[PDB]
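Here we start with a single chain on its own, the form deposited without the ligand, put down as structure tokens.
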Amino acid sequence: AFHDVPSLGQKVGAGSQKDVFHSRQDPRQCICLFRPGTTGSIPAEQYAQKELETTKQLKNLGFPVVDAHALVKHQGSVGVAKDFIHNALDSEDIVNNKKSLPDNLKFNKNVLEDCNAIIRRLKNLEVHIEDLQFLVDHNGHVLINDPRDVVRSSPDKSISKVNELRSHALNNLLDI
């Protein structure tokens, strides 16, 4: 199931779970490989397989996601081939105030609307997303990234994660 990527493109980004590389097979994609010690005791090949499945399940259910295309491996490194989001902001950087949303009005509106839309689905379908986490593309759209699992259950923990990010957009929009 895991495909060999012989060569990697330039490295891009700063996420802690995975190191990300431009795909030399498709400039719309990137190669995302687990860092050491990020999958706990679970083998990396399982973690990657579970992320691809969950990403596809959420995509089917209507959620906005960073799409995942293939399980990949490079030397001893294991991971997933995913859509590349140019100039993406990581939502953990935003909520932990390491980075900030731009001032742009349209940008913050998109963050607000998409956060609302994600919460609506979580309520309608009554699901909880393990390790819920997002990327914000350069227009402000919010995409679920590296989901670990989706299960029918109370969505309140997940709705709180979204609200966490939404608050920053609210605070900016309330500033005229």
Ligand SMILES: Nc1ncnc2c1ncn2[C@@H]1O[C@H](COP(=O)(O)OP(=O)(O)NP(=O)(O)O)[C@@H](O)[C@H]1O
Second form
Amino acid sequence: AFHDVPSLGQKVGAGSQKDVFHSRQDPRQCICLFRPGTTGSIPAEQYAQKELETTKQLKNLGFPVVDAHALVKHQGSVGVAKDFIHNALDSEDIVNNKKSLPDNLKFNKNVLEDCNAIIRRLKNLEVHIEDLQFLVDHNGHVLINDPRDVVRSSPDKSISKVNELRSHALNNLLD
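Now that you have shown the form deposited without the ligand, what about the form deposited with the ligand bound?
There are no partners or other molecules in what follows, just the one chain.
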């Protein structure tokens, strides 16, 4: 299931568990690899599979997602090949006030409308997405990234997650 990626492209980011690289085989994609030791007692393979599967479940449910295409490995590290979102902003940086959305009007309008649509679907379906977070693309579109699970349950916590991010766009559009 895990397909070898002999050569990695330029590094574009790093989080609490994953290093992310340009895919050399496809410029539209990136290679997202779990760094050794970050997943503790759960095999990283199981995290990668759950990331891919949950992404496909959410796509099937109509959510906007960073699409994921395959399980990959490189030098014994495992992960997921995904769409590359150029100049992406991490939602956690925005809600943490570590970074700021651009002032652009159309940009914040896309953030607002996309957050509305995500909340709308969460509320209607009544599903909960574990570790819900997003990438915001260069036009302001909001894409679910690194979802760990989705289950039918109270959507209130997930909605609060989206509302966190939307509030920054909402505040910009009022000013």
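We call the rigid core whatever largest set of C-alpha positions still superposes within 1.5 Å between the two forms. Numbering follows the first chain given and starts at 1.
Which residue in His128, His69, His141, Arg35 stands out, with a C-alpha shift of 2 Å or more between the two forms when both forms are set on the rigid core? Flagged residue: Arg35.
Rigid-core frame, C-alpha of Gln17, shift of 2 angstroms or more between the two forms: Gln17 C-alpha, core-superposed: shift of 2 Å or more.
Taking the rigid core as the frame, how far in Å does the Cα of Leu165 move between the two forms? The shift comes out to 0.1 Å.
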